[PDB]
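Take a look at this single chain in C-alpha cells; it is the form deposited without the partner chain.
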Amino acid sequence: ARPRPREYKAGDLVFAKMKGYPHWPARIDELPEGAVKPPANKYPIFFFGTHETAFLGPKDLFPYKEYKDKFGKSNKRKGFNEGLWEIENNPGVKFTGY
C-alpha cells in the first residue's frame, strides 16, 4: 500500500479531512516567514469553495489526483461543489506562496 506523504509543500492540491465534513477539496498554503510558528508538523490549509482555513497534519491529507475519484463525487454541503470547481479551474485563488 503506497503511503500517503508525510510532508507537503506550498501549493499542493489535496483533499482535507475535518470531523463532520467529507474529504474536502483543498490546498497547502505557504507558511510565510515572519509569523508565529505553527504546531509541529501541521500544515496551513485553504479549503476550496469556502475559502476557510485551518492547520492539519499529513494524517488528514490526501493528494488530489491519487485520491480524486474516491473523494471527488458531488455532495450537497454548502460550498463543496463550488470547491470541486475551483480546484480544477482556479486552483490558485488567494495563493500567496508563489
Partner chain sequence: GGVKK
Given for the second form:
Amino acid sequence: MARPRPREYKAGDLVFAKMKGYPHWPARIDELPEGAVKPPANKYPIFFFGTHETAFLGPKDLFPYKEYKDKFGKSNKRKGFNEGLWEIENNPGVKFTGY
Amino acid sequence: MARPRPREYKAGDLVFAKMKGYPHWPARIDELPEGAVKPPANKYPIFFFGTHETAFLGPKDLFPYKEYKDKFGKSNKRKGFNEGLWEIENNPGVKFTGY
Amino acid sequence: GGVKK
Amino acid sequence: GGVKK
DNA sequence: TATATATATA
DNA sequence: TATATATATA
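Same protein, different state: after the form deposited without the partner chain, show the form solved in complex with the partner chain.
Expanding to the full complex; the earlier chain stays at the top.
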C-alpha cells in the first residue's frame, strides 16, 4: 500500500513544491482570484516561502507539508531555503490573500 | 576517443601540477637520487616554478605542460604563479639536478 | 520575488 | 622552498 | 579572484 | 555514476 498524494488542493494548504533544479521547497497554495485569466487545467498558484516567488504547479509536484516534513524539512544551502523553513512554521500567512 | 595522460614520467619532464586548493601549477618532475629513502609507490618529486616548493604527486595530478598549456597557462594572481609561467618557459632547468 | 520557472 | 603539503 | 563543497540533473 | 551549477571560503 502507498497512499496517493492529493489530486486536489485548496487555498491555504502548506506544501513542499518541486521544480527542476531545486530541492523540494517549503510553499503554500494561493487562491486564484476569479475575474482573472484562468490558469491551465489542474494547476495551482504557488507561493514559495523564503524567496516569495510564485509559480503554477500541478499536484504531481506538490507534497503535503506536515506529511513530508521530516523528508524535505532539512537544512539546505540554497538562497531562501532555510528562510522558507522558518516561514512555513512561524509565519505561513505572509502575503496570503485567500482569507 | 580521449588520449590518456602519462602514467609514468621522467626527470626533467615539464608539467602542470594540481594540488587541492591551488590552480593547476607550472611544474617539473625532479629526479629521485638513488641512495635515498624510497618514495611512496607511483609518486614523483615535483618542483613548482615561481615558489620553488616541492611535493610528491601521482600521475592523476600531473598534466604534460605542452599539451595543457593553454587550458592551464593563463595568468592568475596567486603568489608565484605568474613567475612560474615565466620560469617554465625561460628557465625550466632552475635548480634541476637530474642532468 | 516574481514568477520563477 | 619548502614542502608544499 | 578563484578555489572547494553541495546538490542538483543526466 | 559522473557532470553542471550554486553558494561558501581563502
